[PDB]
Amino acid sequence: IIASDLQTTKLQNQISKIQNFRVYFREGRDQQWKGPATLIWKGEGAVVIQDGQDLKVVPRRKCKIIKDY
Amino acid sequence: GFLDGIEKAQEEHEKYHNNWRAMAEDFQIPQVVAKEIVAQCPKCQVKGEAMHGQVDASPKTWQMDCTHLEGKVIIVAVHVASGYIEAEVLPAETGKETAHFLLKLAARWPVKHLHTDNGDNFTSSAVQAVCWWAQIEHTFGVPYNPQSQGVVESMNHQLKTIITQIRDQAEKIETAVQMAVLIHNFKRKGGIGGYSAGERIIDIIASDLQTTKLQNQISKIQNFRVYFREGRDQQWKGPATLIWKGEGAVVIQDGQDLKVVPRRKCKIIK
Amino acid sequence: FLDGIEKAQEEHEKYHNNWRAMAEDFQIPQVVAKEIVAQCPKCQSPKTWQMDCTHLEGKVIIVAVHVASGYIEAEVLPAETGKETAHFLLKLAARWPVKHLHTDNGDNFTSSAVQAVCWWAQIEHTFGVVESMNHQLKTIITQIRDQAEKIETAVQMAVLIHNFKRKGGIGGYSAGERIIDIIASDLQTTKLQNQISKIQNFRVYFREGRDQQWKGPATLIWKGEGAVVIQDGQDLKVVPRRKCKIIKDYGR
Amino acid sequence: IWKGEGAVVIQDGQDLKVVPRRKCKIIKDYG
Amino acid sequence: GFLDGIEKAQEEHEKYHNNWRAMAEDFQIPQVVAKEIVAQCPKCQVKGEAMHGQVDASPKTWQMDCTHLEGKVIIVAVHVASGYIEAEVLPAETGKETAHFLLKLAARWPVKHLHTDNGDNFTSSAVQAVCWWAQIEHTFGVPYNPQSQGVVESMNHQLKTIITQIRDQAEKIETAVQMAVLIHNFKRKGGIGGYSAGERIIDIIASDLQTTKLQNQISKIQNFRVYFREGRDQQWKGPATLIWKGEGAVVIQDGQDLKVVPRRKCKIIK
Amino acid sequence: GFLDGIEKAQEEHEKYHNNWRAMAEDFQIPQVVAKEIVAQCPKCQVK
Amino acid sequence: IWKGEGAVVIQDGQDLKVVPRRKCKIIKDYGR
DNA sequence: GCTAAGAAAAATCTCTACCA
DNA sequence: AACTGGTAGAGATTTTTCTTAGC
DNA sequence: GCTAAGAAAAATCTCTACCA
DNA sequence: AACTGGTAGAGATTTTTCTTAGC
Ligand SMILES: O=C(NCc1c(F)cc(F)cc1F)c1cn2c(c(O)c1=O)C(=O)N1[C@H]3CC[C@H](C3)O[C@@H]1C2
Ligand SMILES: O=C(NCc1c(F)cc(F)cc1F)c1cn2c(c(O)c1=O)C(=O)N1[C@H]3CC[C@H](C3)O[C@@H]1C2
Ligand SMILES: [Cl-]
Ligand SMILES: [Cl-]
Ligand SMILES: [Mg+2]
Ligand SMILES: [Mg+2]
Ligand SMILES: [Mg+2]
Ligand SMILES: [Mg+2]
Ligand SMILES: [Zn+2]
Ligand SMILES: [Zn+2]
Ligand SMILES: [Zn+2]
Ligand SMILES: [Zn+2]
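Chains as they are written, first to last, in PDB author numbering: chain F, 203 to 271; chain A, 0 to 269; chain B, 1 to 44, 57 to 140, 150 to 273; chain D, 242 to 272; chain I, 0 to 269; chain E, 0 to 46; chain J, 242 to 273.
Be careful, since some hints might not be right.
For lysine to any residue, the following SDA-like pairs were computed, each having C-alpha atoms within a straight-line distance of at most 25 Å [unchecked claim]:
no. : chain 1 : residue 1 : chain 2 : residue 2
1   : A       : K42       : A       : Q53
2   : B       : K212      : B       : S57
3   : A       : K111      : D       : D253
4   : B       : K188      : B       : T160
5   : F       : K258      : A       : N144
6   : B       : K171      : A       : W132
7   : A       : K95       : B       : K188
Partial pick of chain B residues on the chain A-facing surface, computed with a CB cut under 8 Å [claimed, not checked]:
no. : residue
8   : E85
9   : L89
10  : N184
Computed footprint of chain A on chain E; a stretch qualifies when at least three of its residues, placed anywhere within it, have a C-beta under 8 Å from a C-beta of chain A [what the hints assert, rightly or not]:
no. : segment
11  : 9-19
12  : 33-39
It should be emphasised that the hints constitute simulated quantities derived from the structure, not laboratory data.
Cβ coordinates follow ideal geometry from the N, Cα and C atoms, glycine included.
Could you build the full structure based on these sequences and the hints that come with them?
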């Protein structure tokens, strides 16, 4: 009972430290910097982010991705 | 110690928005802590990561755009792998004329992939119907990012410089556009092979067809299955087709995927 | 090497092979094989187009055909004057290499506008395949007529079906594959001819075995890392580089 | 060496490598 | 031969405007002749030589410009060697207010050289009168070339980003401009010495004064005249002052010009 | 961010006097700040 | 006090003295 | 007769503006 | 979760080619 | 007691947008 | 004949510093 709780907390710790990133992006006709969003997919050249239950594709030249220590 | 310095640095950044070198020198905290104080601020974070991507350059990809010259509308298509240009003057910038231009282009050359921006004539039901009938995959760029279509905007620049060079030899603008297309395609050399654009599109399409037929004839008479050992765990994967054996490594095909495996981790079976 | 050159000369003396086949079979370079063909007395078009006008549903269809492959470019004209014919010819010459044009003695084909376009684009025009291609295109146009609304759409859809969907002939190819193969073969021949003239502007003095006197001026054919192929006395022979001296020749 | 559907095997200076198809140009290069 | 090829290449370029690689391959002429055929054409020659210059960065040079923000007029001056900024909001873009701004700047700091563009407020009789009274040399840039004043346009960019960072802490725009000047001058570090802009202007001006006084005291007690031999002809030039003698070369002053002469070509005389 | 982890690690060491690798692994803070939290305590010693 | 390429200046017993680097071991101190 | 200096000519590398 | 800057010319630097003086 | 592997932390290098 | 692009931040790669296992 206790051992399964320890193993579950270890696996959830690894899963929580894999892909919890924040994205600040720049989009629109007047290109303003907008708030945080969640990274979904990251390819070379562009990223797919989820912001306010809307999917957007941003080039990596117009975004900043913040990790966790 | 520096824990009270960390609290003072948070108050100071909340007022003045220092960068990390100013806080790490004024309050004598380490640089990881000052970098975290700046990185947890939303009023900062206004800068991108300073790189460029690379566009798709397959042997059947075309890019398309519209430009303006003397109150007319020119539409330009470019073959990406060679630099080969087709261009025309439209009476209007509607979707019907863009669909007719795309249908003539597909009737002349093999088109399998089209890349455009998000203009109103390209996001149209007529263009969608022509792409459905002629079996073309249409992709659009990220909005307000002209670097996604870099080749056709570079060719907009080249076409306009040639038109100002030969402008006084024609009466109308449409004659001058077709003369500039001829000068670009056949009278300018230099590039990958020292070619012009017409010689390069002939070489690219002919080499594509010849190399598919050659490796069809090669693969239909093969033998020598290969069993190989790879992965993070030293497992054994299934039947792989040997393609080429070199002095140092071998080339195998597994699940229509090509892999280069060294000679120690594989065995050939007749 | 020299065994391959002698075998290629004997085989050409029997059967008169071509230079691509001899270069692939006997494993010699292509400039040597081209010289073997060029020395034979018994061994000595990719850019010609035909144009015509036809009628359909009160509209004028103008058709150009590439003769060596059967490749088609068509259009629908607003009238049958010489200005629209000159504009169609200028577009065709802008997209494909056109050097020889064959037409009939029509009015719009014999005009000052067509004459000025042929002068600017350097085309040889001759007045007298297109009729067979017009009949085949019109059978396709009546076959796919109900899939389109206008006549220009049906014309371009029939051009696509003719060029890329109908296969036949010897190997079973369409017309687009045949025109690209023909033009690529001509491009290979012209590039090799440029290399041949640039190499053959030299001259070779060679020193034969067990002689200390230099021989006559032999023309250079091929220059390798360790071998040199020369022509002398209507004979080809291979001399190594340690007994050769290559000098420029000014014999225009 | 081999041209696949989404990858190309090339030999560059006695080094075999696998490049994507969209990053290659295959010529015969008369010259 | 290729002499008839040269005549054909001239006719062909007159019609089509080929580049030199196309003519050198089609007509088989050498590349020097084809380069000359292109270089003698006026319809070509539309391209610059692809380099950048470097601006004057003496320790008493200032650059100045005007920018716009929310319907106001900001005027910015920058000290070039340190990056030190003064900025204000003007009621209008006339020459009277620009002359008053320049007079306050000259009353605060030592100004000897001013560089501006060709705006109407800078090419003015009031600015000319202030520069005459305060003994400032005014230079103007090449017209419609903003790269001549590169430092002050870079600082226009930095000032606007800081103003958007601290905008919600002030009511008016003038308070926000002065808060941004304080944040730039004293709260941002990194550069030549790891300094801010205020520490760097203090270091530059203080080191200038100290090094002049030190070498005045050094040069007033010198001796050791030097006779040296240089030039394309092995001549002898006149009395030169020895400044420093190093292991390998010596430093001499001749006609207020500094020269580094090796030790073989000189003799020291007491 | 780990600055809230710094405040929580200070409270946790004031109660239980943890070692520095334990605080660095549990609160996800760097090792320099964890050694400093141990170093400012008069009863403890980083070893 | 000072760490040189070959010398080290230390304070001990209200006295300053110079010890060479071959007879010294420098360790971090956590004595806040 | 053979080598090598010296200059001409060709090839390769870095960097810029413009494309709504 | 499946996207992306590129082209061509102007000089600068390095390498290859060609003629002739000298032993 | 001394060395060295391994990881954390700091320093240096390349490249981008924006400034009418 | 006397003029001229620059600044600062985001990652990537390399170097220095610090703790601990092992002989
Ligand atoms: O800024 C443009 N070019 C200049 C440029 C470049 F080419 C390449 C670069 F790397 C940088 C550049 F600055 C440019 C802008 N737009 C369009 C263009 O085609 C276009 O070339 C376009 O069609 N649209 C439609 C889709 C939505 C609406 C109409 O706005 C956009 C705006
Ligand atoms: O294009 C400008 N900046 C952007 C920019 C840059 F900063 C630096 C770059 F390397 C490139 C850039 F594109 C710009 C233009 N002008 C003036 C500016 O100050 C100015 O910054 C200005 O004052 N004048 C006056 C003098 C005559 C009239 C009024 O037109 C000019 C126009
Ligand atoms: Cl767009
Ligand atoms: Cl100006
Ligand atoms: Mg567009
Ligand atoms: Mg565009
Ligand atoms: Mg200005
Ligand atoms: Mg300005
Ligand atoms: Zn901040
Ligand atoms: Zn024959
Ligand atoms: Zn020209
Ligand atoms: Zn404690």
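We went through each hint and held it up to the structure:
no., hint, in the structure
1, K42/A / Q53/A, "violated, 32 Å"
2, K212/B / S57/B, "holds, 18 Å"
3, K111/A / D253/D, "violated, 30 Å"
4, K188/B / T160/B, "holds, 16 Å"
5, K258/F / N144/A, "holds, 14 Å"
6, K171/B / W132/A, "holds, 16 Å"
7, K95/A / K188/B, "violated, 31 Å"
8, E85, "holds, 7 Å"
9, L89, "violated, 14 Å"
10, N184, "holds, 7 Å"
11, 9-19, "violated (count 1)"
12, 33-39, "holds (count 4)"
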